[PDB]
Amino acid sequence: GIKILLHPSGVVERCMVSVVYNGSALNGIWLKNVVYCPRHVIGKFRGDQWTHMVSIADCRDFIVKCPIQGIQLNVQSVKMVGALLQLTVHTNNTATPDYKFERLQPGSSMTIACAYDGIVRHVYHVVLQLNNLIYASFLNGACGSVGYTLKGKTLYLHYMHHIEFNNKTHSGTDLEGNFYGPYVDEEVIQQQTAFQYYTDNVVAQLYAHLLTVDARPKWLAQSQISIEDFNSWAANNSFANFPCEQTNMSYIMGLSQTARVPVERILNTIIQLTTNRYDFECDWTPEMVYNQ
Amino acid sequence: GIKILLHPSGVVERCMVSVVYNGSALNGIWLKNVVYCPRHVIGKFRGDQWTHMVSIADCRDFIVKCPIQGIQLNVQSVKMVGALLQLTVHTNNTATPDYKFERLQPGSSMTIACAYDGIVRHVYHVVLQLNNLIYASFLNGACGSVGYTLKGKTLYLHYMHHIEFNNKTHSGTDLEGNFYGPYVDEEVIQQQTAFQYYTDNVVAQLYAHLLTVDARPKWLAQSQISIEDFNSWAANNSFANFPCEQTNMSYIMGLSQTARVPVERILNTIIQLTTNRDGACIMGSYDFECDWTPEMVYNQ
Ligand SMILES: *C(=O)[C@H](C[C@@H]1CCNC1=O)NC(=O)[C@H](CC(C)C)NC(=O)[C@@H](NC(=O)C(F)(F)F)C(C)(C)C
Ligand SMILES: *C(=O)[C@H](C[C@@H]1CCNC1=O)NC(=O)[C@H](CC(C)C)NC(=O)[C@@H](NC(=O)C(F)(F)F)C(C)(C)C
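So the protein lines, in turn, are chains D and A.
Numbered per PDB author numbering, the first sequence spans residues 2 to 278, 287 to 301.
Numbered per PDB author numbering, the second sequence spans residues 2 to 301.
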């Protein structure tokens with residue numbers, strides 16, 4: 002069948018640590034001799050206050066533990082890189098894998114390893130939406146949880162949790178310390194970009210339905226529409242211009258011959274399905298549906 | 002938010018191993034000094050041929066390796082328990098956690114750690130259906146992959162994969178060697194019982210939609226139907242008798258309160274949706290999903 006595929010959290014679990022600073026506690030990941038955690042554990046500051054507030058944070062206050070290895074690390078250097086803190090410790094993590102800090106483009110998926118007190122409690126699947134927010138699930142003390150993927154032996158880190166917004170949305174930074182979207186780690190109302198459907202993922206979801214549930218459903222459109230006529234419709238109906246990624250076409254084309262339904266009909270079905278309308290319609294990437 | 006939550010797989014990766022027997026390769030789990038793996042690694046036998054074929058199987062032909070620990074295991078004795086092989090090794094797994102073999106009932110969820118060659122490649126979420134099948138995703142060499150849950154420190158093993166049927170459905174045994182349902186590890190057509198929706202889980206899906214997507218969607222029924230009037234309809238529309246588990250009512254009654262929508266409207270919505278859905282996408286699904294359990298939607 003066709004399922005939402007997640008990446009095994011084992012390599013991330015061995016690197017997770019807990020970071021507690023003067024009553025505030027969150028999570029952090031431990032790679033080589035550096036621990037990466039959100040900067041707001043030292044306090045809730047704004048704008049350019051961070052440089053100076055990090056400069057006076059004494060390392061003896063950074064209590065860092067890695068429960069899965071039963072060792073308490075000692076901080077020696079503290080450096081702010083973006084909106085993250087790089088905590089240099091004496092002990093090198095023997096469980097460090099070959100990794101890479103890869104930034105996500107909107108529409109791509111990743112595995113969140115939701116962690117509390119330095120221990121991963123849940124893992125689940127999210128996709129970065131065009132508003133640069135993820136629709137996830139976090140409670141107090143979850144900041145520092147990472148979103149990742151895996152390509153063979155290499156851990157690809159994409160995300161670290163920072164803040165939750167009113168409409169059940171979440172934003173954080175990449176492991177280089179830069180937020181996704183115009184969002185910051187400040188507890189104020191922040192304007193969001195209007196939502197837009199990642200069209201390639203909507204098309205991938207419908208094809209997954211025809212390949213597993215029903216080869217010919219009733220709501221499927223009988224007539225085609227051109228990509229051009231769809232893209233003119235999409236510019237006024239909050240749908241992204243198709244195709245979002247030119248590299249998704251070889252997947253979608255292969256999916257359409259497997260399903261014996263040209264993408265023109267799927268696009269038309271998307272337009273006809275606007276009668277029936287957060288939404289969760291873009292969790293299925295064309296790669297994940299085609300490869301499996 | 003309300004998400005499909007999987008259990009962290011690191012405990013299972015440290016215990017996974019690969020078992021190869023005369024060109025046949027599949028996975029296995031290694032707890033204490035015994036390896037568990039499906040019995041058809043020694044051949045594709047039928048009926049009661051297993052006990053004789055296992056008793057003549059040379060332990061020197063079992064090539065067992067644990068790639069995450071760099072250990073190659075040596076098999077002392079082999080005994081068949083149910084449809085599973087228990088391969089005694091000379092080395093105790095140091096990473097063995099406190100575990101328990103717990104058989105699932107239909108309607109309950111578990112995390113599948115899909116492995117190949119002793120290494121888990123994908124983890125995903127499935128729910129045991131009333132036909133005692135799971136709707137999963139497996140290729141050749143994936144047998145031996147386990148489904149599991151975690152309650153704090155104890156690892157709860159529920160399932161080990163053995164066979165895939167034509168309609169993209171999968172079956173296997175619990176870790177005690179007994180299949181779920183009347184299915185066996187033989188490559189012939191086996192009658193499956195008709196599909197039936199786990200009503201408690203479909204109720205939990207619509208409640209999940211009301212709590213994170215849209216509180217008052219256009220397809221939510223305005224009128225109610227009683228549980229009994231629903232169960233009369235359920236017997237003719239492939240829906241289980243509500244409730245499937247009495248223990249789900251404490252969760253469902255909780256979801257009713259915070260959503261300000263009683264379960265009677267959810268049940269009447271289920272009935273209306275079977276005739277006037279026309280492509281509505283509930284919780285990211287164009288289908289009735291049994292993947293959302295009331296406990297998972299209510300707890301998180
Ligand atoms: C870090 O672990 C916590 C966790 C939050 C709370 C539950 N969901 C989460 O992800 N993050 C914060 O408390 C964060 C601190 C800032 C200094 C970064 N603040 C928030 O997420 C707040 N949100 C806002 O005030 C908002 F931005 F206006 F939305 C709440 C109110 C604590 C959620
Ligand atoms: C063990 O690793 C595999 C897992 C399979 C491979 C394809 N998808 C899976 O989940 N088990 C088998 O290949 C199994 C071996 C028997 C001796 C138990 N055979 C099958 O699953 C076959 N299915 C049938 O013949 C069926 F029962 F009629 F459906 C196929 C045809 C190889 C899938």
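What the hints contain is simulated information worked out from the structure, not anything from laboratory work.
Please note: incorrect hints may appear among the correct ones.
[Said to hold, decoys possible] If you only want the chain D side, here are some residues facing chain A, beta carbon under 10 Å, derived: (1) 101; (2) 105; (3) 121; (4) 123; (5) 124; (6) 171; (7) 221; (8) 259; (9) 262; (10) 290.
[Claimed, not checked] Below 30 Å or equal to it, Euclidean Cα-Cα: the simulated DSS-like pairs (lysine-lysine) are: (11) 33/D with 66/A; (12) 154/D with 45/A; (13) 152/D with 169/A; (14) 154/A with 33/D; (15) 219/A with 66/D; (16) 101/A with 4/D; (17) 152/D with 219/D; (18) 219/A with 4/D; (19) 169/D with 152/A; (20) 101/D with 4/D; (21) 4/D with 45/A; (22) 33/D with 4/D; (23) 219/A with 219/D; (24) 219/A with 169/D; (25) 101/A with 101/D; (26) 219/A with 152/D; (27) 154/D with 152/A; (28) 66/A with 152/D; (29) 66/A with 219/D; (30) 154/A with 154/D; (31) 4/D with 66/A; (32) 154/D with 169/D; (33) 33/A with 154/D; (34) 33/A with 66/D; (35) 4/D with 152/D; (36) 80/A with 4/D; (37) 152/A with 66/D; (38) 4/D with 152/A.
The beta carbon of each residue, even a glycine, is placed where N, CA and C say it ideally should be.
Tested hints:
1. 101: 19 Å, violated
2. 105: Not OK, violated: residue 105/D not within 10 Å of chain A, min 18 Å.
3. 121: Result: holds, 5 Å to nearest chain A Cβ.
4. 123: Interface hint status for residue 123/D: holds (4 Å vs cutoff 10 Å).
5. 124: 5 Å, holds
6. 171: 8 Å, holds
7. 221: 8 Å, holds
8. 259: Violated. Min distance 13 Å.
9. 262: 14 Å, violated
10. 290: Residue 290/D check passes; min Cβ-Cβ to chain A is 6 Å, inside 10 Å.
11. 33/D with 66/A: 28 Å, holds
12. 154/D with 45/A: 33 Å, violated
13. 152/D with 169/A: Satisfied, since the Cα-Cα distance of roughly 26 Å is no more than 30 Å.
14. 154/A with 33/D: Roughly 27 Å between the alpha carbons, so the hint for residue 154/A and residue 33/D holds.
15. 219/A with 66/D: 50 Å, violated
16. 101/A with 4/D: 27 Å, holds
17. 152/D with 219/D: Not satisfied, since the Cα-Cα distance of roughly 39 Å exceeds 30 Å.
18. 219/A with 4/D: 28 Å, holds
19. 169/D with 152/A: Given that 30 Å is the threshold and the Cα spacing comes to 27 Å, the pair holds.
20. 101/D with 4/D: 26 Å, holds
21. 4/D with 45/A: 28 Å, holds
22. 33/D with 4/D: 34 Å, violated
23. 219/A with 219/D: 20 Å, holds
24. 219/A with 169/D: Holds, at roughly 21 Å.
25. 101/A with 101/D: Violated, at roughly 37 Å.
26. 219/A with 152/D: 42 Å, violated
27. 154/D with 152/A: 29 Å, holds
28. 66/A with 152/D: Given pair residue 66/A, residue 152/D holds - Cα atoms ~22 Å apart, limit 30 Å.
29. 66/A with 219/D: 50 Å, violated
30. 154/A with 154/D: Given that 30 Å is the threshold and the Cα spacing comes to 27 Å, the pair holds.
31. 4/D with 66/A: Holds, because 29 Å separates the two Cα atoms, which is no more than 30 Å.
32. 154/D with 169/D: 33 Å, violated
33. 33/A with 154/D: With a Cα-Cα distance of about 27 Å, the restraint between residue 33/A and residue 154/D holds, given a limit of 30 Å.
34. 33/A with 66/D: 29 Å, holds
35. 4/D with 152/D: It holds: about 18 Å lies between the C-alpha atoms, which stays within 30 Å.
36. 80/A with 4/D: Not OK: residue 80/A and residue 4/D at ~35 Å, beyond 30 Å, violated.
37. 152/A with 66/D: Distance ~23 Å between residue 152/A and residue 66/D Cα, so the pair holds.
38. 4/D with 152/A: Status holds; Cα separation ~24 Å.
Checked against the numbered hints above, the structure violates hints 1, 2, 8, 9, 12, 15, 17, 22, 25, 26, 29, 32, 36; every other hint is satisfied.
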